[PDB]
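Student: Below are the chains, spelled out letter by letter.
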Amino acid sequence: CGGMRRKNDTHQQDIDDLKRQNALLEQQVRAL
Amino acid sequence: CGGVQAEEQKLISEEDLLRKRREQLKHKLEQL
Numbered sequence: 003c004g005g006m007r008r009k010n011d012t013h014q015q016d017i018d019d020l021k022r023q024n025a026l027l028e029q030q031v032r033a034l
Numbered sequence: 003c004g005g006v007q008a009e010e011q012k013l014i015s016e017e018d019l020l021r022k023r024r025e026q027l028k029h030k031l032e033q034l
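Respectively, the protein sequence lines represent chains B and A. Per the deposited numbering, residue 3 is the first one in the first sequence, and the count goes up by one each step. Per the deposited numbering, residue 3 is the first one in the second sequence, and the count goes up by one each step.
One chain only, chain B, in its complex shape:
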């Protein structure tokens, strides 16, 4: 084991980033 956080971080970043976008996205869609 020598690439757990490295790989997880890549997924966590892309993930948490997608949620931040989708969250704000739908938040605006609700208005329109």
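Because the hints were derived from the structure by calculation, they are not lab data. Hints are supplied without guarantee of correctness; some may be wrong.
Stated by the list, open to error - Selected chain B positions facing chain A (in silico; Cβ < 7 Å):
(1) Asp16
(2) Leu20
(3) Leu26
(4) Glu28
(5) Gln29
We treat Cβ as the ideally placed atom computed from N, Cα and C, and that holds for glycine.
Following the hints, complete the assembly by docking chain A onto the known chain B.
Tutor: Relative to the frame of chain B, chain A by itself:
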């Protein structure tokens, strides 16, 4: 550490799920 592949597999598939939702939200605003 024991099954990084398994845990990592979910992180990948989970990302794809959010990705589909992202484009969907854009289609609802862009298309619709």
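Student: Give a verdict on every hint.
Tutor: Hint check:
Because the beta carbon of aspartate 16 of chain B sits about 5 Å from the nearest beta carbon in chain A, less than 7 Å, this interface hint is met. At a threshold of 7 Å, the smallest CB-CB gap from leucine 20 of chain B to chain A is about 4 Å, leaving the interface hint in force. With its C-beta approaching chain A no nearer than about 10 Å, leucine 26 of chain B sits outside the 7 Å limit, and its interface hint is violated. Interface restraint check for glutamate 28 of chain B: the shortest CB-CB distance to chain A comes to about 6 Å, inside 7 Å, so the restraint holds.
About 10 Å separates the beta-carbon of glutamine 29 of chain B from the nearest beta-carbon of chain A, more than 7 Å, and the hint is not met.
Checked against the numbered hints above, the structure violates hints 3, 5; every other hint is satisfied.
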